[PDB]
Amino acid sequence: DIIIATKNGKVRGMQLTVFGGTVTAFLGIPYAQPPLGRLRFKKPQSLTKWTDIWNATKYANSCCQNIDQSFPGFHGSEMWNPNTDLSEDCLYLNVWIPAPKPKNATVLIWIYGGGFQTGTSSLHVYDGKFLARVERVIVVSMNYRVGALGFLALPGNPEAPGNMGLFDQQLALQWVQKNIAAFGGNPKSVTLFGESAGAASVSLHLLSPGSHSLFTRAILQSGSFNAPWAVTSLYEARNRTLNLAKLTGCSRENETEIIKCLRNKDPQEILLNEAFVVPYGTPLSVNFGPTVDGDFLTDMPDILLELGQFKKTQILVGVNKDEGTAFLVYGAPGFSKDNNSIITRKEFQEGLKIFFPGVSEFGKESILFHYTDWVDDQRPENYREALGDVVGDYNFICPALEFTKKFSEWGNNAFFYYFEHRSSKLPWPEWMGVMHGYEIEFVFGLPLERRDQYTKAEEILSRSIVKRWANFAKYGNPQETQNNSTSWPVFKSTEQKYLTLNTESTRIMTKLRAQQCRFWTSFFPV
Amino acid sequence: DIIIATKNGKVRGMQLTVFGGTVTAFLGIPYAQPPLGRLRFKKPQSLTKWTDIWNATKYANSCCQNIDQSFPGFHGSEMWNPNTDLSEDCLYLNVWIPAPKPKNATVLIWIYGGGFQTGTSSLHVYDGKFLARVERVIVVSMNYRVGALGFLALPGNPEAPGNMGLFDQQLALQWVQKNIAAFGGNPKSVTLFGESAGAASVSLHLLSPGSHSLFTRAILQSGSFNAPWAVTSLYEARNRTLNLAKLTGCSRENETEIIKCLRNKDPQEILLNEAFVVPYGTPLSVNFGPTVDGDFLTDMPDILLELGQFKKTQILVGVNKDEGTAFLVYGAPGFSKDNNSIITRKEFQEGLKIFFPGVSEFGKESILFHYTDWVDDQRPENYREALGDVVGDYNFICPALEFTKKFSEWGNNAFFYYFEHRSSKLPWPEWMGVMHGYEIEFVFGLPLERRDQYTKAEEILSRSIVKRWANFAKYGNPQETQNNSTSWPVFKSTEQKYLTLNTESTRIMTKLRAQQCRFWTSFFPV
Amino acid sequence: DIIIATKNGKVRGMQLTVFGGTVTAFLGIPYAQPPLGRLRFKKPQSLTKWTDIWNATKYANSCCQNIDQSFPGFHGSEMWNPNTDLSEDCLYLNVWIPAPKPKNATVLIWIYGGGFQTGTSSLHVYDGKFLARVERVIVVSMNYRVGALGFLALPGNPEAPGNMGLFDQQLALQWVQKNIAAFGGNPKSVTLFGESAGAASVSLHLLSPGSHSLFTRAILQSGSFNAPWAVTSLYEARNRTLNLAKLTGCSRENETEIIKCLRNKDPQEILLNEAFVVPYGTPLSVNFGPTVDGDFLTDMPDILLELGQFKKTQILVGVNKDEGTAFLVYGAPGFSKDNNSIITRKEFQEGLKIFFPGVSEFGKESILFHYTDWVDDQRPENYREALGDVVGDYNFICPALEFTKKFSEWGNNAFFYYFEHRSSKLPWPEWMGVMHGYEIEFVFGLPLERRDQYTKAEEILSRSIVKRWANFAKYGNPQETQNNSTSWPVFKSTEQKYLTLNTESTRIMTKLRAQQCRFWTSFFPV
Ligand SMILES: *[C@@H]1O[C@H](CO[C@H]2O[C@@H](C)[C@@H](O)[C@@H](O)[C@@H]2O)[C@@H](O[C@@H]2O[C@H](CO)[C@@H](O)[C@H](O)[C@H]2NC(C)=O)[C@H](O)[C@H]1NC(C)=O
Ligand SMILES: *[C@@H]1O[C@H](CO[C@H]2O[C@@H](C)[C@@H](O)[C@@H](O)[C@@H]2O)[C@@H](O[C@@H]2O[C@H](CO)[C@@H](O)[C@H](O)[C@H]2NC(C)=O)[C@H](O)[C@H]1NC(C)=O
Ligand SMILES: *[C@@H]1O[C@H](CO[C@H]2O[C@@H](C)[C@@H](O)[C@@H](O)[C@@H]2O)[C@@H](O[C@@H]2O[C@H](CO)[C@@H](O)[C@H](O)[C@H]2NC(C)=O)[C@H](O)[C@H]1NC(C)=O
Ligand SMILES: *[C@@H]1O[C@H](CO[C@H]2O[C@@H](C)[C@@H](O)[C@@H](O)[C@@H]2O)[C@@H](O[C@@H]2O[C@H](CO)[C@@H](O)[C@H](O)[C@H]2NC(C)=O)[C@H](O)[C@H]1NC(C)=O
Ligand SMILES: *[C@@H]1O[C@H](CO[C@H]2O[C@@H](C)[C@@H](O)[C@@H](O)[C@@H]2O)[C@@H](O[C@@H]2O[C@H](CO)[C@@H](O)[C@H](O)[C@H]2NC(C)=O)[C@H](O)[C@H]1NC(C)=O
Ligand SMILES: *[C@@H]1O[C@H](CO[C@H]2O[C@@H](C)[C@@H](O)[C@@H](O)[C@@H]2O)[C@@H](O[C@@H]2O[C@H](CO)[C@@H](O)[C@H](O)[C@H]2NC(C)=O)[C@H](O)[C@H]1NC(C)=O
Ligand SMILES: *[C@@H]1O[C@H](CO[C@H]2O[C@@H](C)[C@@H](O)[C@@H](O)[C@@H]2O)[C@@H](O)[C@H](O)[C@H]1NC(C)=O
Ligand SMILES: *[C@@H]1O[C@H](CO[C@H]2O[C@@H](C)[C@@H](O)[C@@H](O)[C@@H]2O)[C@@H](O)[C@H](O)[C@H]1NC(C)=O
Ligand SMILES: *[C@@H]1O[C@H](CO[C@H]2O[C@@H](C)[C@@H](O)[C@@H](O)[C@@H]2O)[C@@H](O)[C@H](O)[C@H]1NC(C)=O
Ligand SMILES: *[C@@H]1O[C@H](CO)[C@@H](O)[C@H](O)[C@H]1NC(C)=O
Ligand SMILES: *[C@@H]1O[C@H](CO)[C@@H](O)[C@H](O)[C@H]1NC(C)=O
Ligand SMILES: *[C@@H]1O[C@H](CO)[C@@H](O)[C@H](O)[C@H]1NC(C)=O
Ligand SMILES: *[C@@H]1O[C@H](CO)[C@@H](O)[C@H](O)[C@H]1NC(C)=O
Ligand SMILES: *[C@@H]1O[C@H](CO)[C@@H](O)[C@H](O)[C@H]1NC(C)=O
Ligand SMILES: *[C@@H]1O[C@H](CO)[C@@H](O)[C@H](O)[C@H]1NC(C)=O
Ligand SMILES: *[C@@H]1O[C@H](CO)[C@@H](O)[C@H](O)[C@H]1NC(C)=O
Ligand SMILES: *[C@@H]1O[C@H](CO)[C@@H](O)[C@H](O)[C@H]1NC(C)=O
Ligand SMILES: *[C@@H]1O[C@H](CO)[C@@H](O)[C@H](O)[C@H]1NC(C)=O
Ligand SMILES: [Cl-]
Ligand SMILES: [Cl-]
Ligand SMILES: [Cl-]
Ligand SMILES: [Cl-]
Ligand SMILES: [Cl-]
Ligand SMILES: [Cl-]
Ligand SMILES: [Cl-]
Ligand SMILES: [Cl-]
Ligand SMILES: [Cl-]
Ligand SMILES: [Cl-]
Ligand SMILES: [Cl-]
Ligand SMILES: [Cl-]
Ligand code: NA
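Protein chains in written order, with the authors' numbering: chain A, 3 to 527, 529; chain A', 3 to 527, 529; chain A'', 3 to 527, 529. A prime marks a further copy of an entry chain.
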């Protein structure tokens, strides 16, 4: 029986057998006051003693959020949907620790993605018992509020100041600072890791003065705050808060009255109107996201990055080979998970409209000009491939490269990976390739479990990735030093070296997407 | 209703609408005991609690000072004259803060120019509500004593020790250290900025051990302590204190009796005799200025600069294209604001006498030799242009370049600008060009106010300058990172790169006034 | 009336008119318990409150010491003899401060030479009122014990542990740390300066862990611990302590009994037998000097220097053109202050015997071979010049160069001077040239006093040297920045640049005495 005394009370955990060993999991520990009633849309408030043995033996509620009902019954999409009840009372975190209890273990804190509109820490692909077992690190993960409830912003107004879900993540990081030594953890060796919006969140904790001392290093998988979906302008946020108000009959003349009104709405009426706060959306819409609130984020983060105002530490950054494909089946014409999606030039052009709402005509021709000079015009999957690359390069890959470039110019070691392995079990079709989100199960070690029907080459790839992530967290260097592995070079402006992750053998290459990102990065920002 | 609790009591401010937003202004907060009676000519004494809600709702009195009556009725000159009552009771400061109240805002502290003989913080061109509104910085500005009342020196004698007006500025900087967090300010991010004598003052706070920890960075507009008007020798100061005494029938044998006598004179008798403490003056005379007092200034500041004894931090330094023209209408023969001032060779020579009192004949021929080799002797405005350049290069431009050169040799980033835009509203005539003092309204944002009849190109120039000054203060780097702007390089001995500020497009150039300043800087110091 | 409160009591000083200004001198303040009776040969003991206004209005007693009676009546020698009564009660120091009292003045602490056998701080050439007046520094100087009474060593035995006179200097440096702020001094800006044995002492305070935090920078005039006269081996010290014992009928079997016996002898019987503790001496004999005592000096100081174990700071080091001449009239055959001393080859060889006691015959031939290859054999002053250079290069110049070389290799700025001006008033004859000891009056400013019959070129030279020493102390850089002076380069291994000090104009040169010092430094150590 395992009871740990925390600053706020005792917690009981549960033992887990993993790979003939034991991990202790403390699932669903609370880290803030439930943000209900009068606390809705406010910054999370600190938690007071229970006393009391809190039983942390199951995952807690996930935060309220719309769910993906596009493919009912389909594992590829439904695997991302919440797997605990939804509730505004969702501010909990999970701790997994090796057994026997470590002495001063390095801590890995996971921040989930989901567009800032969705996600939960209890997903199966985020289960941190493999990492704790195999690498003897402690893994922590937290639920933070998403959608309007986590990011609604009425700028400067503490009733809805914005970034609440980023302040939830932050209060979780404090909880680790204050409490993790009790579980056997080293609060001085804490690495944040996150994917997509979770990565973008990691990148903003790098810029946030209040997070500076809550962690040591950072890992960004498929995301960074400079991605075009990751920060809402003050203009847009205002328009959106008011549009939500209007749609819920909460329009007022006094803004504090708007918020008061919205605090009376049911979680569901808020969720139902989120999608419409915007005249046209895309499959990549982030209606309620991070904003420059003067608190968490003191200035437009592009200025902070350019001028070197951020936590000085090592970063590990990466992307997958086919980032953009996943999104094309949520609204691009001619695209289906259920056929090979060979689309036409005219369809490609219609797709640009779906993904680039407006976007001058000249803007959209320019994408077309850049991506459709074939070599050569023979290949029927030409336009289908091009639309996926457009969406991935713009939304994920070039913004990750440009973040890494700018961060490293201030003197810190940065490591960049290009993940190019398609899981043998991917439920999505072949044409979608190495999709967004599908490195995650490799990082968390799921392929280490033989009972699971991954290939042997995949077990070995995962084992290597886990070692590299763990050495990065413990030592700031993502090497696998024992098995004559390719040495991972730092990424510098100038050479821009990166490491490819695949089952055959990993290469050092240079200047990923050079020609493409010159387009997105220099020209497109029409 | 906005009340802030300060170390010395409460203060009430007032709300201001600026650009559809709100700024809170706390005008006329006191920062020292009024320096009256027995405190006249003494260092400022700290302030004791009122208690009490101090109403900071209007600008305070300006310090006693002679006024410019050369052009009664004329906006070009009268705009610099005080606009609140004169009084020895003038030790107040102003705070402008964004609304809503910032969390930890960068602070900009303005130090006015006026030759150390005049000036006030309440002038319209020093109004810091635009900066606070637009950049969300806090702006502070203080009145400090000027003329004999601020700088009379009887060396080593604490009844008149010298530099009192520099100690007023310093006590204001402490007040910001102790109190600005209460208004939402970061005392660890404080930038001083000042023009002309205000800049010279900024440059001496860089050398003053007692100011070292009262600020972070420095901006010097048109001035630096090494300018020939900015520091009085001990010889001159003594002669001048005694001359003043003599002129007010205060001559004594005992020096403390001189001061005691002068403490009985009326503000006005002191002001009236200031101009005469010197056998011949120029339009650039600084009769009572900074001195090496062994307290504020521990050694001749040229030695401190050469040998690297100064606060190690970034500086932003600049000058205007026609610095010297403004002065020529206050006594050079043939010059008038009311015609094109085409003067003759013989007039030019008479002008050198006005500006270089004595100055050997050889000294003055040498200026003439250096500035009157025309290319070619055709042009009638030849001599008129030459006299203005003589006066600007000697008094402002070369001393600013040489300061920047010497400061940067010790390893700090320095940025240098050359301001070359003539305001569309300048009341002075065309031949006077881009005058001394007329970048100020651009730095403070006045052209951002459309209701004001500046051109569109001027709004844009001002907006850019404000961003560059603000990024310098917040991040030590005066870049405008968002609008594909010219990147501002650091100034190094060796290349001496500088940025030109004008409405068309800004250039990077090198070695401003190279041939001229070699003359003033190496040879002239005849 | 000027009274200063010190940690140990009050002290009254006296006002002095210097150059139409005022200096306050506190002459003869005590800094330790008188080391009498049972404290003889022991480390100095700290001082307890008097209370009490101590009157510091005259120089105190000088420490017991033999006196130079070679030239009774002659100013050249007698100027170095003590000018206050001799007494074991001699542990006092002097403070000179500018008036008005400075705020946080740099402190210069003088340590006198005299071979560790003689000297006193009250000499006229060490009077620090000119420095205090002219440069507004505070000057401190202390008497420390010399001869057997200051340096007798019975190794490891606290009754006579050795280096007592170096511990007197050290306790004086503490007194400045604890007390000088009260006089207006900055204990964080303290420079030690010393000549000959006083310089050697400065160089050992650089190596002494207990002095590390008692000062900032160091000046070494004509001396450094690696000079062949400056450190006594443990062998020699033992032999000498026992020889003294024997000569005073104090031989015992128990060593503590030897010391007890010697503590009963009269100052005079000790002084009288000092000269004989050694079978043969030279005019440069240092019978009782610094030793490696395991306390002040933890290891042979040559090892500490080579291996970089010393205070890391700037040093200023120098020598005079004719160091060795002064000594030749105290025993070399054919030499006289009263004729031109043209000696013969055979006389030169006899001189080597006087100066190199033993010294194999081969050792002495080798000096002769190195110094007597004339260019050419014509010149009658050939051998007279050669003997002086031998004595100066060996004893002073090469050891100063080698110290500077080795100190600078660890990364600190070092400045080296070669002083080549013969005082217009030197009482010694012309052939003796620029003698040892005769830069001192220039460093202390005596030529600044016109009433004194130095030439105008000498006033100017002294004024420059004073400025350079003062800037070194205040700023770590011995420049004279105002009068277009030659810039003094740092001394590096590799170039070995040095500055010449003379009345005409100073040069930068390289590799002083290169060929000579290769001999003394590499080969001679036969
Ligand atoms: C700010 O909002 C308006 C859209 O107004 C919205 O009303 C909301 C309650 C919501 O239902 C939303 O769907 C609706 O559009 C944006 O301007 C809109 O542009 C289109 C173009 O035809 C119009 O049809 C909309 O009605 C029009 N607004 C209206 C009704 O006046 C506007 O673009 C947006 N600003 C942004 C994009 O930041
Ligand atoms: C691949 O399928 C897409 C997706 O749309 C279809 O899904 C199919 C599996 C099928 O069940 C079909 O009924 C369903 O609508 C096809 O795109 C569609 O093309 C059809 C053919 O006319 C159009 O009618 C639809 O408008 C269009 N769907 C939309 C709204 O995007 C696509 O043609 C098919 N392409 C292949 C096989 O290459
Ligand atoms: C120090 O002052 C004297 C000037 O004496 C002055 O008396 C004052 C009260 C004031 O009224 C002032 O105008 C008057 O000059 C300077 O020397 C002066 O040089 C001129 C040359 O002819 C004489 O006419 C002045 O009278 C003469 N002084 C006198 C009257 O003895 C002197 O230059 C100045 N020192 C400086 C410049 O530092
Ligand atoms: C430009 O004007 C100057 C300034 O002096 C004059 O101001 C004018 C606008 C006018 O009202 C005139 O009365 C006033 O004195 C002129 O300099 C002057 O030149 C005049 C002509 O003789 C002389 O008499 C004055 O001594 C001299 N003024 C002084 C004391 O500086 C100047 O000539 C004129 N030049 C032009 C038009 O190019
Ligand atoms: C250690 O001392 C002896 C010298 O013994 C000395 O007795 C002393 C009291 C003193 O009077 C001193 O003058 C006398 O020499 C040194 O050895 C000496 O070498 C010479 C060579 O002929 C002899 O004449 C000395 O007497 C002889 N010592 C004796 C008497 O035994 C010895 O060199 C010295 N060790 C050193 C130099 O460290
Ligand atoms: C320079 O003088 C030296 C020093 O010795 C002498 O001092 C002289 C001023 C004179 O009074 C003389 O009496 C005194 O002894 C001379 O050296 C001496 O040379 C003499 C000449 O025979 C010898 O007898 C001495 O032994 C020797 N003195 C010693 C002991 O050193 C020297 O000769 C003289 N040389 C010149 C003038 O060039
Ligand atoms: C735990 O280690 C603490 C220092 O941690 C450092 O070492 C590594 C873990 C590295 O990743 C860095 O994060 C850290 O700088 C030490 O101060 C504590 O005392 C230790 N606590 C224990 C063992 O109880
Ligand atoms: C306010 O920030 C403090 C540190 O300020 C630094 O960050 C920038 C503002 C920069 O310009 C530098 O001037 C500073 O080094 C921090 O110590 C305080 O805790 C903060 N105070 C708050 C938020 O209350
Ligand atoms: C006196 O100055 C102190 C710091 O002294 C530094 O500055 C120069 C004097 C330099 O030579 C260095 O020696 C020192 O690092 C400061 O800490 C004290 O507060 C000052 N004391 C006063 C003015 O009372
Ligand atoms: C808490 O849960 C544990 C684990 O299932 C159980 O054994 C324990 O009795 C529970 N305690 C209570 C009563 O909350
Ligand atoms: C807005 O209404 C809220 C309701 O409590 C009130 O607190 C606030 O003062 C009001 N402000 C105004 C006048 O708009
Ligand atoms: C190294 O390879 C071995 C087998 O040769 C494998 O079992 C092990 O897991 C590998 N270690 C890592 C961290 O990849
Ligand atoms: C101070 O001035 C304010 C603003 O005008 C006013 O409302 C307030 O009543 C004043 N308080 C007093 C009586 O000083
Ligand atoms: C000068 O006069 C003042 C008047 O108070 C006095 O304090 C001071 O001691 C006097 N000094 C002298 C003697 O000059
Ligand atoms: C950038 O340019 C835009 C318009 O393209 C302008 O409105 C904005 O004020 C500029 N920003 C700065 C800081 O110059
Ligand atoms: C100390 O000496 C001073 C200066 O000569 C003298 O004025 C004072 O009275 C003395 N005090 C005593 C009695 O020691
Ligand atoms: C030496 O004699 C001293 C005299 O006090 C004594 O203290 C010490 O113990 C003696 N040691 C011996 C036995 O040599
Ligand atoms: C500089 O030279 C001047 C005269 O030109 C002289 O009076 C002054 O003492 C010099 N300063 C120094 C420090 O040498
Ligand atoms: Cl799965
Ligand atoms: Cl087309
Ligand atoms: Cl093809
Ligand atoms: Cl590529
Ligand atoms: Cl105006
Ligand atoms: Cl002429
Ligand atoms: Cl021409
Ligand atoms: Cl130019
Ligand atoms: Cl003398
Ligand atoms: Cl021979
Ligand atoms: Cl010859
Ligand atoms: Cl030489
Ligand atoms: Na040899």
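Keep in mind that the hints are not guaranteed to be accurate.
Unchecked claim - Derived coverage of chain A'' by chain A' (criterion: at least 3 residues anywhere in the stretch with Cβ under 8 Å from a Cβ of chain A'; other residues may be distant): (1) 102 to 109; (2) 470 to 484.
Claimed, not checked - Cut-off 20 Å, straight-line C-alpha distance, at most; resulting in silico cross-link-like pairs (DMTMM-like, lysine to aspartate or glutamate): (3) A':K9 - A':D70; (4) A:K9 - A:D54; (5) A'':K469 - A':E257; (6) A'':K105 - A':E161; (7) A:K323 - A:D391; (8) A'':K494 - A'':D301; (9) A':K408 - A'':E482; (10) A'':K105 - A':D301; (11) A'':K105 - A':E422; (12) A'':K190 - A':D301; (13) A':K51 - A':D70; (14) A':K313 - A':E161.
Because the hints were derived from the structure by calculation, they are not lab data.
Yeah, the Cβ is synthetic: ideal placement off N, Cα and C, and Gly gets one too.
Outcome of the hint check:
1. 102 to 109: holds (count 4)
2. 470 to 484: holds (count 7)
3. A':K9 - A':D70: Judged against 20 Å, a Cα distance of about 38 Å means the pair is violated.
4. A:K9 - A:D54: Given that 20 Å is the threshold and the Cα spacing comes to 13 Å, the pair holds.
5. A'':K469 - A':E257: Violated, at roughly 30 Å.
6. A'':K105 - A':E161: Between A'':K105 and A':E161 the Cα gap is close to 16 Å, so the pair holds against 20 Å.
7. A:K323 - A:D391: Holds, at roughly 9 Å.
8. A'':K494 - A'':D301: This hinted pair is violated, its Cα atoms lying about 26 Å apart.
9. A':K408 - A'':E482: Holds: A':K408 and A'':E482 sit about 16 Å apart, inside 20 Å.
10. A'':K105 - A':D301: Satisfied, since the Cα-Cα distance of roughly 12 Å is no more than 20 Å.
11. A'':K105 - A':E422: Between A'':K105 and A':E422 the Cα gap is close to 44 Å, so the pair fails against 20 Å, i.e. violated.
12. A'':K190 - A':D301: Holds - the C-alpha atoms of A':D301 and A'':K190 are around 17 Å apart, at most 20 Å.
13. A':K51 - A':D70: violated (37 Å)
14. A':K313 - A':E161: The hint is violated at about 29 Å.
When each numbered hint is compared with the structure, violations occur for hints 3, 5, 8, 11, 13 and 14.
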